[PDB]
Amino acid sequence: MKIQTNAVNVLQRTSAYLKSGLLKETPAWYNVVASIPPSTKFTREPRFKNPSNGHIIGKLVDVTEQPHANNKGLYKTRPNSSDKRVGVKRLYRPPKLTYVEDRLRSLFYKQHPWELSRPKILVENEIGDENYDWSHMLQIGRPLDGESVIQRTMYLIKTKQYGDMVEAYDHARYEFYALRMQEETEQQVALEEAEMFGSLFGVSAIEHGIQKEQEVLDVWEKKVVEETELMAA
Amino acid sequence: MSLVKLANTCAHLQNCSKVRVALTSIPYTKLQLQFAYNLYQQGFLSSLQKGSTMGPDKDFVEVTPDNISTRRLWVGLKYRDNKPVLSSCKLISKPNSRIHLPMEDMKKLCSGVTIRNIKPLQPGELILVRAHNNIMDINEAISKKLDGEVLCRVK
Amino acid sequence: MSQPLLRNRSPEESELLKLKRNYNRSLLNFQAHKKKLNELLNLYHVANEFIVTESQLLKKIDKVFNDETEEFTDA
Amino acid sequence: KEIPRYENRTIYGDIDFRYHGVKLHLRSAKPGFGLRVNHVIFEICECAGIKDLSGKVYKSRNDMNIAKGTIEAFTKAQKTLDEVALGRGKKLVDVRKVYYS
Amino acid sequence: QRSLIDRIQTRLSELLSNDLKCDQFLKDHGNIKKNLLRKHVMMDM
Amino acid sequence: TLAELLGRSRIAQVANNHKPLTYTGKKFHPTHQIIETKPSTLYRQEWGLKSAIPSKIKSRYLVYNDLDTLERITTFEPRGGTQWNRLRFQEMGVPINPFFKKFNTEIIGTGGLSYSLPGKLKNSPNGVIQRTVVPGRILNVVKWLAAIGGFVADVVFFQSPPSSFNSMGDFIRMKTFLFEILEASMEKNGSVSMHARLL
Amino acid sequence: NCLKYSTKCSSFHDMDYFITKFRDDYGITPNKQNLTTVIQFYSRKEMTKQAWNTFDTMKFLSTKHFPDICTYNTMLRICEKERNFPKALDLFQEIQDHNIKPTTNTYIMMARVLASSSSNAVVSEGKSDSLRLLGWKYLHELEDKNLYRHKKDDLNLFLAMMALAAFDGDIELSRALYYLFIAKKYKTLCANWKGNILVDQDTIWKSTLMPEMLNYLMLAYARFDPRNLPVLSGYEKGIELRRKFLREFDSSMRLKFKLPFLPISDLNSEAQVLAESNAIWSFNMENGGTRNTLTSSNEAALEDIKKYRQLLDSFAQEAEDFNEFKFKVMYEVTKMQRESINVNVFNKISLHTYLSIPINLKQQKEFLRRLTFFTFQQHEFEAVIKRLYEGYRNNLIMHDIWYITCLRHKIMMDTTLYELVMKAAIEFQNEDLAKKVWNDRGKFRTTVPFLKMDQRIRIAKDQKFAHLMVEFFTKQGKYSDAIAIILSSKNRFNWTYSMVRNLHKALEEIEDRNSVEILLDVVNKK
RNA sequence: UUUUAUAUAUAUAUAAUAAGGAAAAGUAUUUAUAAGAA
RNA sequence: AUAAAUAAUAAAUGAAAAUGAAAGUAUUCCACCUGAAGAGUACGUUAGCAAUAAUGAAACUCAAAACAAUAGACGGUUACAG
Ligand SMILES: [Mg+2]
Ligand SMILES: [Mg+2]
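Chains as they are written, first to last, in PDB author numbering: chain U, 1 to 233; chain H, 1 to 155; chain V, 160 to 234; chain E, 206 to 306; chain Q, 179 to 208, 218 to 232; chain A, 2 to 97, 105 to 109, 195 to 235, 242 to 298; chain d, 289 to 543, 551 to 689, 718 to 849.
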């Protein structure tokens with residue numbers, strides 16, 4: 001669609017109507033819209049910096065900036081073909097946002113596929129209210145998940161307690177293992193205590209799965225016997 | 001001094017105004033730089049910047065034969081009241097037909113009289129003239145009593 | 160507007176640039192020739208199997224056909 | 206719709222407009238200079254309040270298309286000098302045409 | 179060739195770093220100063 | 002800044018996954034993260050994703066690939082099955105150490206299925222649980244395989260198959276049996292090989 | 289820092305020397321901050337073209353050199369000095385376009401630019417009321433959001449408001465704001481003064497009385513028109529703002552230190568306006584009453600005449616020549632006027648507004664009283680010096724002594740004040756005033772202060788005077804005299820149609836085609 | 001940004017530090033002129 | 001990620017169909033057109049073994065002639081239902 005003129009100039013048309021005498025009474029919105037001018041510029045704006053990683057867009061390194069040879073052993077003496085092409089599209093494209101965590105996360109759920117099965121809630125609660133110190137993995141108001149491992153890894157690297165990504169990742173992983181072992185032991189011991197003290201449970205996960213399997217299998221029984229009868233003829 | 005390049009720049013500025021880009025790049029030459037400066041003085045362009053083919057110069061770069069091929073002049077366009085300030089940009093003196101006017105004919109052209117099939121100067125328009133390898137507005141060239149080549153119209 | 164657009168390259172700068180360009184050319188020529196020599200050495204290492212004399216031809220023919228060597232027959 | 210009018214009598218400048226095969230070339234005119242245009246354009250100018258105009262119509266001469274093109278040219282092919290001056294960040298004296306004798 | 183180029187460049191950079199050392203170099207040899224330094228440094232090598 | 006918050010946003014927390022949602026190959030471990038929504042947000046079709054999930058969906062769990070697509074649909078599936086299998090493993094009690109002291198993509202030990210330690214036994218009001226018993230279903234007339248609590252295992256028999264097997268034939272899966280999980284091990288590819296005995 | 293101090297002292301040689309030194313000997317070229325300081329230098333020197341060129345270069349050279357909000361505020365100040373509001377609005381739109389974040393100074397500068405532009409119909413392009421309304425809107429936009437405040441900005445804000453009040457002729461608002469500023473300033477300074485209040489009244493009051501605020505209040509008085517309706521009354525936000533300011537002014541008055556404002560919310564008549572102008576002027580002259588210069592007595596008159604007779608008839612002998620004695624008298628009068636009356640408040644600009652008040656109010660008697668009492672003609676003063684020289688070296720004598728004594732109340736009548744009195748003659752249609760003014764102007768041409776100025780400035784001022792005389796004779800109907808003036812000085816003065824438009828209209832109304840042709844040939848021969 | 005610190009091999013990685021604030025009133029001649037209809 | 005091909009488009013252009021990186025915004029050069037029919041016809045000339053190919057009119061007659069799209073009718077036009 002073309003940039004539309006009529007939507008934002010309603011005040012001007014109404015002013016013409018009023019001054020000409022075509023309209024006698026000012027609309028209630030007239031004074032408000034006059035006090036608050038609509039934004040009447042619709043321009044594609046250049047972007048020179050990628051916020052996610054800080055890469056600077058629109059920079060060319062001149063020949064003079066290299067007084068030494070490159071990896072192949074060649075001095076840069078003249079611009080090459082790619083350097084001699086105007087890159088306005090690079091300025092006007094929306095920059096792709098890339099984060100380091102996105103890699104480690106992909107590693108973590110590759111290393112621990114069953115951690116994916118633990119349900120996640122994407123409803124944000126309140127982002128601004130987060131007050132976390134990442135010297136320790138467990139945070140109040142937060143679950144214990146792989147993202148905690150990546151956050152602890154980034155905290156470790158930021159403080160330079162460890163140097164390489166792998167080392168901090170491994171340390172956070174081992175803290176994660178300890179904490180999850182503790183939680184598993186709490187769950188097992190709690191169930192054992194409940195059975196120790198007379199608690200009676202109507203249904204368990206195995207029996208629930210067996211029940212659902214039984215319904216599905218009964219329907220499948222009916223359908224298979226009917227289909228065998230149909231196919232025989 | 002290529003009039004072909006000035007025509008290409010004019011078409012580029014028109015196309016940029018149509019799609020409403022806030023910044024654009026043109027070739028870095030003396031004629032183009034003077035033309036852009038004249039447009040900027042009249043208020044048709046928001047800003048002039050020197051840069052590479054990739055973008056404006058982050059730090060000041062001296063111009064030498066080493067980097068001349070990759071140099072560009074970045075102009076910021078203006079869009080006011082939902083309308084482009086620089087709407088149409090055309091050539092008067094074309095490469096096939098080049099028009100060099102004496103001063104009196106230039107006054108006549110400014111005074112509503114058509115000269116050599118050039119439409120007379122319009123009120124909110126700017127006509128640029130080249131005299132002694134210097135680009136100026138028609139009014140200045142008349143005030144300087146300089147006979148010159150009548151290049152382009154910016155309305 | 161009334162000043163030079165560019166700063167002319169000094170003769171000394173041009174000499175340095177020419178030396179750099181000549182070094183680049185000679186370097187690429189050098190890697191080309193050394194790669195060619197490496198291919199020549201690799202071909203020398205296998206030149207023994209290649210038959211250029213009648214005796215080697217008789218020997219290899221007898222080996223492949225008269226001798227019951229492993230044959231490239233697709234199963 | 207309201208149309209720009211220079212001195213409440215004429216168009217601000219020359220208008221070269223295209224409408225569905227109708228080419229309108231409308232030139233402003235001095236005070237006292239009558240309306241010298243197509244009859245459709247004459248009636249439209251009479252109703253609009255434009256007193257001084259010259260112009261010529263090329264290619265299609267359909268009256269309906271001439272009328273619609275005339276209205277649309279008055280609306281989009283025209284800009285007040287105040288608008289030009291404000292857009293270019295200049296005073297009205299800087300955009301006025303200088304007199305040459 | 180590579181040694182010559184690198185030595186020329188490093189000496190130019192070193193002398194350009196200390197401006198007074200550049201003037202001493204010029205006087206012992208006996218933006219204009221930039222070109223004179225370049226000429227003298229290459230003539231040295 | 003906005004970029005930092007987007008990096009730490011829960012939508013960003015979900016790793017990039019693009020595997021086929023509908024997969025008919027062998028399934029050894031979860032391949033998509035399960036997204037859970039509270040009942041209150043389900044009432045308003047809010048799942049924390051870019052767009053509202055259709056009101057037809059009544060389950061509170063799904064697995065998704067794309068927040069948005071060219072077809073203006075969210076590429077998802079209303080399935081949250083895998084967690085139950087994991088949870089069902091915790092009911093079995095059979096234990097399965106890399107969890108004790195450049196990037197490698199191998200599944201590290203048990204990849205979150207079970208973090209228990211082998212050396213523990215279950216006390217019950219009857220007494221010490223010597224051997225854990227769970228119900229399952231023998232699947233085919235073949242060793243014999245059984246679907247036990249979300250996992251397929253090979254059952255180790257005790258003398259002869261019960262005659263019920265031979266009488267029923269291919270309808271064997273209809274009837275439940277009680278098995279005792281002899282052992283649980285994890286293969287390199289992530290499969291969980293359990294050996295059980297039909298009592 | 290070097291350029292900062294050089295701008296503060298406005299030394300071109302120091303600026304040039306420091307820039308050249310750094311470029312030649314240290315390889316340092318000005319960055320964004322130094323270029324901004326250079327722009328402020330050019331602004332201080334009234335050098336707008338060079339400042340705009342420097343701004344263009346700041347954009348041109350690199351993104352690091354690209355202007356930021358500080359430079360844009362400096363350019364807005366330059367536009368305020370030019371009274372160039374289209375450029376101010378364009379620069380605001382450019383600030384928004386380039387994603388630069390405004391500040392409080394930006395909104396205050398825009399408001400001040402619009403207020404200054406709205407002074408006259410010519411500079412405002414006939415949009416004065418709309419420009420004042422737009423400035424008030426910019427102040428409201430500032431009110432909406434915090435932005436970045438500066439310690440000085442608050443002061444600036446109030447000036448802007450008074451500007452919008454002063455150019456609107458809003459005497460109620462101008463009075464209220466002036467009283468608020470003076471009251472708060474005196475209270476704050478008295479609260480935080482180490483010295484005892486009673487002893488240091490002179491210093492505190494001198495610091496309190498900002499000359500610009502008084503000048504704006506006098507400008508508000510001068511633009512009085514009873515039929516005028518304030519532009520700020522139309523808006524609901526504006527009327528609420530007016531209500532707030534007026535209510536606070538009234539409450540503060542009802543509730551130490553006192554000011555001579557009449558006990559009335561607003562002035563509805565010319566006589567009250569004259570009374571308050573005189574009252575505030577005298578209050579400012581007396582440094583809040585600390586100096587009793589304006590209050591005079593015949594006893595004080597006799598004693599001052601006696602003392603100054605002693606001083607001058609003693610001085611007469613010491614000097615080597617008349618020139619040295621005259622120089623001594625110059626130093627004496629210059630030091631005396633500063634001692635007796637505040638130098639900052641009492642100057643050419645404030646006196647110009649003070650005398651412009653009655654001209655707009657159409658009261659000749661008060662204008663002439665103020666002119667005689669507060670202004671001295673240089674040629675008369677030098678004649679008195681020669682007369683006293685003759686008297687001492689070898718009832719009129721005491722009159723000359725009283726003249727020298729009264730110089731402490733008076734400012735020299737420069738060319739601008741002569742032009743103002745000529746404007747008063749045009750407005751009042753007084754032939755006698757015009758004749759006296761042209762005689763005094765001719766005598767002043769001989770005096771040294773006029774010949775001190777450049778030839779081009781002298782020609783410009785003489786041409787302005789000639790145009791004023793032409794306008795006077797045009798209003799009086801003596802078109803023959805106007806054309807005689809125009810023809811007599813065609814070569815030395817460039818006559819344009821703007822100056823002779825009234826003459827041409829008057830001649831066309833009576834259809835004197837010959838005179839019209841002669842005048843048009845004079846103007847348009849070019 | 002700039003400058004400097006510690007550390008490491010003239011250079012590199014981290015930490016700190018930022019000089020761009022000015023206020024004042026008043027000072028026409030515009031041009032030449034292109035119409036379509038069945 | 002960089003290019004080109006393809007498809008659908010935005011703006012723009014167009015009588016519209018539609019074009020869509022050209023049928024867009026501009027520059028340069030070349031070829032071609034000036035109502036239908038007479039007519040690519042006649043005559044002449046050039047080339048070919050020839051068939052023919054190139055170049056190419058005029059008189060006379062008329063207010064016609066054509067393009068896109070619209071709504072109908074019609075089709076020995078399709079499919080779907082009843
Ligand atoms: Mg066509
Ligand atoms: Mg033929």
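A portion of the hints provided could be inaccurate.
What the hints assert, rightly or not - With a straight-line cut-off of 16 Å between C-alpha atoms, the simulated EDC-like cross-links for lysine to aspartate or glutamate are: (1) d/758 / d/685; (2) d/375 / E/287; (3) E/228 / E/268; (4) A/109 / U/167; (5) d/309 / Q/197.
Don't read these hints as lab results, they were simulated from the structure.
Discussion item. Can you confirm whether the C-alpha distance between residue 228 of chain E and residue 268 of chain E stays at or below 16 Å?
Written reply: Holds, at about 12 Å.
Practice prompt. For the pair supplied as a hint, residue 109 of chain A and residue 167 of chain U, confirm whether the alpha-carbon distance does not exceed 16 Å.
Written response: holds (12 Å)
Worksheet item: CA of residue 375 of chain d to CA of residue 287 of chain E, is that 16 Å or under?
Response: Since the Cα atoms of residue 375 of chain d and residue 287 of chain E sit roughly 13 Å apart, the hinted pair holds (cutoff 16 Å).
Worksheet item: Can the restraint linking residue 309 of chain d and residue 197 of chain Q be considered satisfied, given a maximum Cα separation of 16 Å?
Response: holds (15 Å)
Discussion item. Hint check: residue 758 of chain d vs residue 685 of chain d, CA-CA at most 16 Å. Holds or violated?
Written reply: Distance ~30 Å between residue 758 of chain d and residue 685 of chain d Cα, so the pair is violated.
Hint 1 alone, counting from the list given before, is not met by this structure.
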